[PDB]
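S.K.: As a plain string of letters, each chain reads:
There are 2 protein chains.
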Amino acid sequence: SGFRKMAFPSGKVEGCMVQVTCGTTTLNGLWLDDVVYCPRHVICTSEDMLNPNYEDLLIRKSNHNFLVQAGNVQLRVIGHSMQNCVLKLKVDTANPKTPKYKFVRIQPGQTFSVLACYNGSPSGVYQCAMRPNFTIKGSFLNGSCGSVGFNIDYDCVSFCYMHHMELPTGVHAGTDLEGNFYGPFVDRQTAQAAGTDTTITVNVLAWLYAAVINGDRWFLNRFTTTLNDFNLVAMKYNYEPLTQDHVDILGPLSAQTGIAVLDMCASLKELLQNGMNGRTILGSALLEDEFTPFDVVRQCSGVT
Amino acid sequence: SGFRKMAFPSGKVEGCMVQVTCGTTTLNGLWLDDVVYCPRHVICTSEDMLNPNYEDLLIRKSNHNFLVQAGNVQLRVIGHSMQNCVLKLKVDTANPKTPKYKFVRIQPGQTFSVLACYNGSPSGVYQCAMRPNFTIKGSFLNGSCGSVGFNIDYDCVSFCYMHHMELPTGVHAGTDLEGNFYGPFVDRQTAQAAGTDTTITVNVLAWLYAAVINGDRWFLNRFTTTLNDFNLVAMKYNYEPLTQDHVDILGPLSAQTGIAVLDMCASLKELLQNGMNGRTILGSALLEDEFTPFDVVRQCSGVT
Ligand SMILES: *CC(=O)NNC(=O)c1cc2c(s1)CCCC2
Ligand SMILES: *CC(=O)NNC(=O)c1cc2c(s1)CCCC2
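From first to last, the protein sequence lines stand for chains S and F. For the first sequence, the UniProt record's numbering gives the first residue as 3264, with consecutive numbering after it. For the second sequence, the UniProt record's numbering gives the first residue as 3264, with consecutive numbering after it.
If you are wondering where the hints come from, they were derived from the structure by calculation, not from laboratory data. Hints are not guaranteed to be accurate.
All copies of an identical chain are treated as equivalent in the list; a pair is satisfied when it fits inside any one copy or across any two copies.
Taking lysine to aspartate or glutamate pairs in the DMTMM-like style, the calculated list, with each CA pair at most 20 Å apart, reads [unchecked claim]: (1) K3365 / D3511; (2) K3400 / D3511; (3) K3400 / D3479; (4) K3353 / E3318; (5) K3499 / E3441; (6) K3365 / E3310; (7) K3363 / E3441; (8) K3400 / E3503.
Pulled out of the complex, with its shape left as it was, chain S reads as follows:
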């Protein structure tokens, strides 16, 4: 029993973090096989950040300008290329700690673990979601860029995020491991406003299921509703619209708890309309939307 915002074990990723230094800019890189992946803005001065021409900046850089340190051992760079907003540094040594891995571009609402790093050294691990406005609500200081988000399926690490940006509102933007930004964000010091941060409705319902499973049931009511009725209420409260897909994904939690998805929707509807009245659900005073249905099954069934 008990339900916790749980990250994946970070060991497999700890073994991949290196320090990349280009002139006086240092940040984190990801060493997989004989490639080190890092934010292309490693080649920039903070001066450069205002309107950088990465193609032109990169012409001035050679393999030997890219200082890659793995713990205390320097890697030899035999190749460099820019893919979207990441650099790939070919090194002469395969990372002996390369786990089985994939690069996956995630959908908004999907959750992942971040290994926050500074100077290629891990400081901590926390769980995130890709917000519907393609920001993440991270914990990132200067030097944190190149820290990666990931999922683990048994022994395979799926890398989904590399950290690049803080927006002036203190939220986080970055890329998949192909260096394509989530959302409309660019690696440039400019006016970039986040859109509406909407609640991930399907994740809230998942977390309502997790609560019932762990004995928090005060919010279960006598009512039901319909997808269309529920969605009218969701619109009003800047909740994502709930689809039949979301209902299907909640099927197993529905089945295990014996509470129909649309009944749980009617519970959520009442919580939106009436608030929590100073009560709590799994030790939270607001509706948690950063557990997926997959996350709830996993944590409730002890998948390793």
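Got chain S; can you put chain F with the ligands on it based on the hints?
M.R.: Same frame as chain S, but now just chain F with the ligands:
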């Protein structure tokens, strides 16, 4: 910017988790040097849990009854002994992944990372506090016993918790790595009620400092108070009494933010008396008490 419930990287501990099986009971052990540490109730049947005589139960067990598997490789047990509520299994192989480590018994209010494990395999990592009633609010399923709580100071893992028990209220009890229970709990299937779960006042103030640093300041007020006045309000709300020690520990956060501890106390007092009025602080609708002042400094200064 951004503030997150952050665990330590779990890699150094992942390398220490093994599976211990005694007859038909399996749980997790901690392999450090040539010793595997595990809950002594590994020797019990669930029948046994009602009123176990561990000394008598253990007389019936030999080294070869303790099946220790490290990933997929069996360790040879050359010795076993009971220290308080843990077993120490001497194995013929030093764990090659033994990090620098210590066993430390923590104080209530102190925070640590849990690597939740099943069958000696990591499933996840989350941050905890030792509650003032010596419970932790964990996420633990059957087979999770032997999962450990820890802190990391640069390269040294201080093990502070081994998981043993769920109380009938779904909260968690366990031991330091000498096998002494935190609080009055025994490894026995019996009436064990937790005492008052009081709020860790000094941690809440630390988290109020973390909020100001990260731009959440709506709750900063025009008032101040005194240790004695504040404590009258703390009593009423089942907050731990605030000592001059707590004030001293908050000194650096005080200094960095330029908000005197007693002014922040007067802010906390108003929040207790008036609630949050539907507002949030670092994305939480209640007062978080599972960051220490040390945790806030660390996360705000990017210590690795
Ligand atoms: C993000 C990090 O830890 N290292 N690099 C930086 O500090 C910057 C990244 C960007 C900046 S400054 C300006 C906007 C574009 C990305
Ligand atoms: C805790 C775990 O994952 N493995 N062991 C158990 O399930 C039990 C531990 C205790 C039980 S059952 C009864 C109370 C005493 C501790």
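S.K.: Against each hint, give a clear statement of whether it holds in the structure.
M.R.: Taking the hints in turn, this is what the structure says about them:
no. : hint          : in the structure
1   : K3365 / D3511 : neither (26 Å within a copy, 48 Å between copies)
2   : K3400 / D3511 : neither (28 Å within a copy, 31 Å between copies)
3   : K3400 / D3479 : between (27 Å within a copy, 14 Å between copies)
4   : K3353 / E3318 : within (18 Å within a copy, 60 Å between copies)
5   : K3499 / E3441 : neither (36 Å within a copy, 55 Å between copies)
6   : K3365 / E3310 : neither (35 Å within a copy, 46 Å between copies)
7   : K3363 / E3441 : within (17 Å within a copy, 37 Å between copies)
8   : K3400 / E3503 : within (18 Å within a copy, 31 Å between copies)
In the structure shown, a violation is registered for the earlier hints numbered 1, 2, 5 and 6, in ascending order.
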